[PDB]
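Heads up, the thing below is written out as structure tokens.
Complex shown without one protein chain; remaining protein chains in place.
Chain lettering (A and B) follows the sequence in which the chains are written, and residue indices restart at 1 in each chain.
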Amino acid sequence: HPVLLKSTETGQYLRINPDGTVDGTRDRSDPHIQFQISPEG
Amino acid sequence: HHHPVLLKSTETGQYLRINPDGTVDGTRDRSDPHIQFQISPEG
Partner (left out) sequence: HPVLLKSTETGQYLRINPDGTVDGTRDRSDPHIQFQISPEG
């Protein structure tokens, strides 16, 4: 059950591209915007 | 009622920011509206 990280002011989702670059996109269906958040411990 | 959150680097103290042009960087300006995030389930 992944989560999305959305900029509240711009509507953009955080994306990590395969090449390691990070940017924003408004395509909610892009699988590269899905995250798992877990404790470091 | 909304519940915006901030995402802060433990190493550098910088908050994640998405800029209108789609670029992503970090800032220590806690008042920058661009550092506010909504986290929600994809489902």
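Definition applied: a residue touches a chain if its C-beta (ideal position, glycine included) is under 8 Å from a C-beta of that chain, and two chains touch if they have at least 3 such contacts.
K.L.:
From the list B:21, B:25 or B:29, pick the residue that touches the absent chain.
P.N.:
From the options B:21, B:25 or B:29, the contact with the absent chain belongs to B:25.
K.L.:
Even though one chain is hidden, which residues of subunit B still touch it in the full complex?
P.N.:
3-12, 14, 16, 24-26, 36, 39
K.L.:
Which subunit A residues would touch the chain omitted from the figure, given the whole complex?
P.N.:
Output for subunit A: 2, 5, 14, 16-18, 20-22, 31-32, 34-41.
Just so it is clear, only the chains that are shown with their structure count from here on.
K.L.:
How many angstrom lie between the CA centroids of subunit A and subunit B, rounded to a whole number?
P.N.:
Whole-Å distance between the two chain centres: 12.
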